[PDB]
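Let's have the full structure, built from the sequences with the hints guiding it.
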Amino acid sequence: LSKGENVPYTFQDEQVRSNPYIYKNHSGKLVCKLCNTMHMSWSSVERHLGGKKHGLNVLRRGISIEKXXXXXXXXXXXXXXXXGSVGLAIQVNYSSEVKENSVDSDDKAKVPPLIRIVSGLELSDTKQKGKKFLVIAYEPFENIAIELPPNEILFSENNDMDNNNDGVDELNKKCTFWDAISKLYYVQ
Amino acid sequence: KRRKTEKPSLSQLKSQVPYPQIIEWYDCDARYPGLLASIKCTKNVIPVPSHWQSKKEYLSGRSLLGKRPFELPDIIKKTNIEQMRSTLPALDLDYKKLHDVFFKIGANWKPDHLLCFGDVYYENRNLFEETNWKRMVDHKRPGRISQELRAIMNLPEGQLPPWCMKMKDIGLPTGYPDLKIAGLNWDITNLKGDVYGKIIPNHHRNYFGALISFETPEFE
Amino acid sequence: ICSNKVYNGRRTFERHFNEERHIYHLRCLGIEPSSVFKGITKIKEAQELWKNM
Amino acid sequence: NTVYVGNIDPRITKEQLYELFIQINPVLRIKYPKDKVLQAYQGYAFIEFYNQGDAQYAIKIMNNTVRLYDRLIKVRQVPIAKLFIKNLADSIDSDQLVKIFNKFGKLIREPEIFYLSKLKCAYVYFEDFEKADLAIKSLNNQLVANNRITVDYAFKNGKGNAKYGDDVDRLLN
RNA sequence: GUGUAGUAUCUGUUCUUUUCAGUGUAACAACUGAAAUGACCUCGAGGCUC
RNA sequence: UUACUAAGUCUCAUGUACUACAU
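Here the protein sequences come in this chain order: U, Q, T and R.
Sequence positions in the first sequence follow the entry's author numbering and run 34 to 47, 51 to 103, 121 to 136, 149 to 253.
Sequence positions in the second sequence follow the entry's author numbering and run 125 to 213, 239 to 353, 361 to 376.
Just so you know, we're using the entry's author numbering here: the third sequence kicks off at 425 and counts up by one.
Sequence positions in the fourth sequence follow the entry's author numbering and run 9 to 86, 106 to 144, 147 to 185, 187 to 203.
Derived from the structure by calculation, the hints contain no laboratory data.
Where a beta carbon is used, it is the ideal one built from N, C-alpha and C, also for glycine.
Possibly wrong hints are sitting among the right ones.
The calculated label-pair distances, taken between Cβ atoms and stated as ranges, are [what the hints assert, rightly or not]: (1) R:41 with Q:277: 15 to 21 Å; (2) T:465 with R:121: 37 to 43 Å; (3) R:121 with U:210: 22 to 28 Å; (4) R:125 with Q:275: 55 to 61 Å; (5) U:232 with R:125: 44 to 50 Å.
In silico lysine-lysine, BS3-like type, Cα no more than 30 Å apart, as pairs [to be verified]: (6) T:462 with R:39; (7) R:147 with U:192; (8) U:65 with R:44; (9) T:429 with T:462; (10) R:113 with R:130; (11) R:130 with Q:201; (12) T:475 with R:147; (13) R:147 with U:173; (14) U:103 with R:22; (15) R:185 with R:130.
What follows is the structure, encoded as structure tokens:
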């Protein structure tokens, strides 16, 4: 059952071993140095190797081994209404190929204007606050804001049928249009 | 049922106790816990050895496999019967020799370890390592380094340890204010062998029972 | 005392008595560490025990 | 008190460690493990001194000093608010979370962004149960980045119990 | 160098009705009795659920 | 830098000793 292999004694001061684990101590018995278990016969040794106990100690031993031009554009606010409530609509116009003739290197040129709702709680001056602003931004031109005293207007409920191209946010895809051919940004 | 659920909390029991840290969770089911806390926490009582509540019959010990068979007390080993009879896998002896070994040589002799008032031997314990420990706290003292650890350290003779330089900037050991070391507080010319320094004590009978003579009973 | 935490063994809970977080709850609670408070379970009782200390 | 020691040759023995460190300070105890999988020494020890003064002293003088078997000897010295927040916007960066919760309370660690169900959720660690109560009071069922977020306590069942205010108060103290 | 009966000890193997109540236990363990069926929600856990 | 603890019960096999009893 030993398959003719020679297992040297533990005290013989270590030829490569099949398993460098099972040894024979000062006595004739066979032992697993990791498991610290004594085994009478080579059959018992093979039961030990095929047993889950030895394997667990092998995994434990492996774990031990591992151990900006700012130019104000022109806005055109206008009180709108549909059905069934009231909403706001803004018409922002941009340059007429006047200065955009020097910059055309596909650097976010494909990116349309972006809007975000900002709380006045944070300002460069920090004096008064308590209302929101519908900020609109484009790379070269300067940012623009619109005060929204009303807690909620035109804040709709599942307008479209839940299609998921987040773009920037639900606000932008939900209610903005960018006439890039004429350079007119509508928001409502 | 009701008596089992009537039990006070162990922390409620701690307050009654002058030495609360001995009481343990199982003392809650003590049938007389207020009394058992007083007895167990009384001055000189020695708590029950804790090998109870284990089913291992007090010795399953893995350490028991590796215990030495026996070692003769060196005084008896002097008697040379070790060589006369080989116990490991006729020797004529003298009556005066053996008798003197027990009496003349071995009257004052006593085992080195023994144990103390409350020493109790738990399964995993082995006294021998603590014997070499106590003996070692005796022999080994700071300022001296054996030649073996010196060779492993690779420190040649006449050269100070590497912590003498960091000890020059940091200062003498807080634990050893009286320690002296060659080259710093102590004369480098007195550097000899394995001792690079020694503690200099700044401190500088009959016990009513002094026998003043020692006479053992003679066999002859 | 620990997050009303659950333990699956009594040996393990007996090991909780010496632990980083358990001692953090004690010491940060104002109940100083080590061996007098070992048998603690609820936060309340060891407070009067620490007043006894 | 107790010092860790490492990068030790298994041929270094217990008496050799003792004789080594007694040169530095008095040594109360030495725990020097002995492997039950290799029947030798795993090459790191623990030396408990009589106080953290001698401990720290030995840490200073001993570190990177003694050379044993050509290998150098190393010496090294040896509970907060958590809010679950659900339905976050995909445009919400972890740093943006940091900015949002800083105004309410100091964060002991950084938020943890994870996805349930698709559903963006995060764990936010506050140093104070009361500041956590502030971020809850103001930020519960609120619309940020055009998305309604829910702010409550994370499970442990959930944080915020009566003993939780009591002990978290103490950990603050 | 055998047979009858019987014993002890390794090792391998494996986890027995989900729960409740009683006995029991230092606590376990173990033993003794019964039995939900249906619907729903979030990530095997959870329900002042019906 | 890993801060020191695992087997138990059952089942069906193997390992090894042993106790009365007969040629």
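* Mind checking the alpha carbons of residue 103 of chain U and residue 22 of chain R for me, to see if they're no more than 30 Å apart? => The hint holds at about 23 Å.
* Starting from the range 22 to 28 Å, see whether the pair residue 121 of chain R and residue 210 of chain U falls in it by beta-carbon distance. => holds, 27 Å
* Keeping to a limit of 30 Å between CA atoms, is the pair of residue 65 of chain U and residue 44 of chain R held or broken? -> holds, 17 Å
* If you draw a straight line from the CA of residue 429 of chain T to the CA of residue 462 of chain T, is it 30 Å or shorter? -> Holds, at about 16 Å.
* Confirm or reject the claim that residue 41 of chain R and residue 277 of chain Q have a C-beta distance inside 15 to 21 Å. => holds, 18 Å
* residue 232 of chain U paired with residue 125 of chain R, Cβ distance criterion 44 to 50 Å -> violated, 25 Å
* 30 Å limit on alpha-carbon distance, applied to hinted pair residue 147 of chain R and residue 192 of chain U -> violated, 40 Å
* Can the suggested window of 55 to 61 Å be confirmed for the beta-carbon pair residue 125 of chain R and residue 275 of chain Q? -> Holds, at about 56 Å.
* Are the Cα positions of residue 130 of chain R and residue 201 of chain Q separated by 30 Å at most? -> violated, 81 Å
* To do: With a cut-off of 30 Å on the C-alpha distance, tell me whether residue 147 of chain R and residue 173 of chain U pass.
  => holds, 29 Å
* Asked: When you check the alpha-carbon spacing of residue 185 of chain R and residue 130 of chain R, does it fall within 30 Å?
  -> Holds. Residue 185 of chain R to residue 130 of chain R sits at ~25 Å (cutoff 30 Å).
* Asked: Holds or violated: 37 to 43 Å for the Cβ distance of residue 465 of chain T and residue 121 of chain R?
  -> Holds, since residue 465 of chain T and residue 121 of chain R (Cβ atoms, about 38 Å apart) stay within the stated range.
Violation of the numbered hints given earlier is confined to hints 5, 7, 11 and 12; the remaining hints are satisfied by the structure.
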